[PDB]
Amino acid sequence: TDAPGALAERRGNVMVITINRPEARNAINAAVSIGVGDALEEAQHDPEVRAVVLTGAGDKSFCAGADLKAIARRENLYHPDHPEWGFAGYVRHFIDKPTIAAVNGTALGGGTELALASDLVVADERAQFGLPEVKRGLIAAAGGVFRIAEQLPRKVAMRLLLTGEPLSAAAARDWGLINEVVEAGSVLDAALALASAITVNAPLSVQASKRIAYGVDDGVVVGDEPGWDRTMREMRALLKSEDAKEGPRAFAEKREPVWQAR
Amino acid sequence: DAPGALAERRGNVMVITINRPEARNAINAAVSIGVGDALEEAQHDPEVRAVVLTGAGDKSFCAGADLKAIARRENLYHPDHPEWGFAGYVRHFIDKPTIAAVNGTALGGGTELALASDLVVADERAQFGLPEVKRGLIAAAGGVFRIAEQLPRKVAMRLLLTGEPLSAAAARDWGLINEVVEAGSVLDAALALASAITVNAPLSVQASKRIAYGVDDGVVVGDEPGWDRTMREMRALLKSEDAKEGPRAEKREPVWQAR
Amino acid sequence: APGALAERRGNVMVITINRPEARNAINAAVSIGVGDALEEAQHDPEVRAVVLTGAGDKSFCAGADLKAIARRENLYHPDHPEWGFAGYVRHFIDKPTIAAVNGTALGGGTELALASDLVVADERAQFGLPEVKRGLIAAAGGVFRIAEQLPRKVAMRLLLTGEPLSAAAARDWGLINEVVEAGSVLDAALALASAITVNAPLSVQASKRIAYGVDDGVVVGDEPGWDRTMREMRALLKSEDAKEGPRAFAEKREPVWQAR
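Residue numbers (the entry's author numbering), protein chains in the order written: chain B, 2 to 263; chain C, 3 to 251, 254 to 263; chain A, 4 to 263.
It should be emphasised that the hints constitute simulated quantities derived from the structure, not laboratory data. Any given hint might turn out to be false.
[As the list claims (entries may be wrong)] Derived SDA-like pairs: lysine to any residue, alpha-carbon spacing no greater than 25 Å straight-line:
| hint | chain 1 | residue 1 | chain 2 | residue 2 |
| --- | --- | --- | --- | --- |
| 1 | A | 136 | B | 258 |
| 2 | C | 241 | A | 200 |
| 3 | B | 136 | C | 97 |
| 4 | C | 246 | C | 229 |
| 5 | B | 70 | B | 85 |
| 6 | B | 241 | C | 75 |
| 7 | C | 70 | C | 176 |
| 8 | C | 136 | A | 241 |
| 9 | B | 136 | C | 198 |
| 10 | A | 241 | B | 256 |
| 11 | C | 241 | A | 220 |
| 12 | C | 61 | C | 190 |
| 13 | C | 246 | A | 85 |
| 14 | A | 136 | A | 13 |
| 15 | C | 136 | C | 176 |
| 16 | A | 241 | A | 13 |
| 17 | B | 136 | B | 46 |
| 18 | B | 136 | C | 46 |
| 19 | A | 136 | B | 256 |
| 20 | A | 70 | A | 200 |
| 21 | A | 241 | B | 220 |
| 22 | B | 136 | C | 246 |
[Stated by the list, open to error] Distance windows between CB atoms, simulated:
| hint | chain 1 | residue 1 | chain 2 | residue 2 | range |
| --- | --- | --- | --- | --- | --- |
| 23 | C | 233 | A | 84 | 29 to 39 Å |
| 24 | A | 77 | C | 81 | 28 to 38 Å |
| 25 | A | 226 | C | 233 | 17 to 27 Å |
| 26 | C | 46 | B | 255 | 33 to 43 Å |
| 27 | A | 187 | C | 82 | 51 to 61 Å |
| 28 | B | 262 | C | 241 | 41 to 51 Å |
[Said to hold, decoys possible] Selected chain A positions facing chain B (Cβ under 10 Å, derived; list incomplete):
| hint | residue |
| --- | --- |
| 29 | 31 |
| 30 | 35 |
| 31 | 139 |
| 32 | 160 |
| 33 | 201 |
| 34 | 247 |
| 35 | 253 |
| 36 | 257 |
| 37 | 258 |
Yeah, the Cβ is synthetic: ideal placement off N, Cα and C, and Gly gets one too.
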């Protein structure tokens, strides 16, 4: 085997990054973060690259979320040499070039956070979104807790965040959270077509427009810093809780968890 | 002849009911004391995993600030907790989820209670809106700065500047509220929504809420400029002749002096 | 002829961009006309609302005047650079502003709509930020305001593709308030003005100052966006691509970008 966690390939002036763990529903671990993060860095630096598409290998999963076995090992999910890029080497990894998530199937928790972190999203009609973290005693630590209400109407975002219940591709599109819903199996082609609608434009204009729209000073999205800081503060406490143990233990034991609030 | 608001348990939910149906459940100090105290009790009671806010009866959730009490110089907030704001509710952050069960009219202050809630479920007959501008006042209970945070900017500005109402169906379509339900069933629908949250990990829910609202040291810090600007405008506005003329106007058109 | 006209319709000042032969594109003459009228409206207590529209039946405003840009002319009000593009986009006033979009509203024209409190549009109107197709950017507030007024993902598609949005689609997202029958946009705008001007003027004015976060006359929350926009635009205007884009559009051909 020895296949990398993520592949990178070039379709003309678009870099296509494919999460490459279908045997594990394309869940994020450190190996995926290395593949994705390095490819994004290459995309940033190669002036022949005009856009990036992120997708998942196979026909069922974009990204099922953070790898639960890695969490259980109390293992870092991020690029080991680039903690500053966050989850998947992606969610706190600003690049000047447009990013499009091509959501080929399940996109729960971490998968939805990858969508939120992308500029644009095209989804297979079968794709499901959501932030179910609150059902397991953790939280959407990869940006979801503070970005969801930035990209969906506040009340709609709060229902998703607090219930942990999923959202169809159609409902995601209706709220303005993803851009387009496409026929089963066509998500990569559709995303490359959207990429083409951007890459025909003036590169310096697209790059400058991105930096201004996200409030970027020196490669950092300034406005996200308090969100990251608050998320990190809360996770530190939560990862120390008895309930964060019970969530996984209960799921495995096929019983409802019994929460203690400690 | 009754308390301004009631608090009761439905399982692990505290239901807080505004209890002035003869005054269309308008907010005065008596309501603010009851609501505020019930919220603070909810916050520290481990048996309580969610809060539902609703109005007594089949007609009104909350018609707004009590204008009779407004005319008569009486403060509307909790006298021991001015910092909780209008109805003891709109500047009273709690960790636990809050659901407005809007059983009828929800105008001005009433819409501001919805804005202050995490989630909103509404009776099909419910109306929202911010008619303060028609009465020579403003939406001082958070409405002026929160409306554009929860609706698209242009849609919000139209509501704010015209003072015209918004139907329950329209609020739902815009994503200002979560669900519209059949007449009479709003409390059971809110309780169902509460159960979709309370099955989840409490510390997860509680942390998600703090992060999502940007809470540090129990306060929504991002709201401070809005409250400060509201307070300065409101103080200045209450001295204007138009702020007197508006409330008084005997079912006739007001005549504005811009003074 | 002045770049903008101003008339009264009751207690409403109607400002009309007056370069129909240039698709009502913005130059310094328009900024002078619009900016002066806005400030007159601010200080005349008989004026309770303002409507901004374009002359003719084809265009509200097709954008920044491209010949003026090619000459490196300033497009703003010579006496009031602080008001920004069209003497409008950084010119806060107390009183409600309604853009009555009678047709094409692209680039600068969409930026006028973004800067207005409310927007009513002719069914034929198109919105969009095609600056990215001409090697420039929406420097008149579009780059940072578009995601404030449309859902982030929808905004980012508009911004990065440069492709337009129909009046109906803009209304469906809540970017504008209403879509009306061809030719009726001014009447629709006046009707909406009336829905506001009957209200208490002190209340309306205070509601505006709070909703936009106005302190000591300054819309303070927009400062970082203006500052980033300004620093980027100055760097962009020095690139060959910023000259190629408009040259290519003038020459009816595809551009060849160099990333410089």
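We went through each hint and held it up to the structure:
no.	hint	result
1	136/A <-> 258/B	55 Å, violated
2	241/C <-> 200/A	21 Å, holds
3	136/B <-> 97/C	17 Å, holds
4	246/C <-> 229/C	23 Å, holds
5	70/B <-> 85/B	23 Å, holds
6	241/B <-> 75/C	51 Å, violated
7	70/C <-> 176/C	33 Å, violated
8	136/C <-> 241/A	52 Å, violated
9	136/B <-> 198/C	10 Å, holds
10	241/A <-> 256/B	65 Å, violated
11	241/C <-> 220/A	21 Å, holds
12	61/C <-> 190/C	17 Å, holds
13	246/C <-> 85/A	38 Å, violated
14	136/A <-> 13/A	42 Å, violated
15	136/C <-> 176/C	24 Å, holds
16	241/A <-> 13/A	47 Å, violated
17	136/B <-> 46/B	40 Å, violated
18	136/B <-> 46/C	22 Å, holds
19	136/A <-> 256/B	57 Å, violated
20	70/A <-> 200/A	39 Å, violated
21	241/A <-> 220/B	22 Å, holds
22	136/B <-> 246/C	52 Å, violated
23	233/C <-> 84/A: 29 to 39 Å	34 Å, holds
24	77/A <-> 81/C: 28 to 38 Å	58 Å, violated
25	226/A <-> 233/C: 17 to 27 Å	23 Å, holds
26	46/C <-> 255/B: 33 to 43 Å	34 Å, holds
27	187/A <-> 82/C: 51 to 61 Å	56 Å, holds
28	262/B <-> 241/C: 41 to 51 Å	49 Å, holds
29	31	24 Å, violated
30	35	27 Å, violated
31	139	6 Å, holds
32	160	5 Å, holds
33	201	30 Å, violated
34	247	8 Å, holds
35	253	15 Å, violated
36	257	9 Å, holds
37	258	7 Å, holds
The structure fails to meet hints 1, 6, 7, 8, 10, 13, 14, 16, 17, 19, 20, 22, 24, 29, 30, 33 and 35 from the earlier list, while all remaining hints are met.
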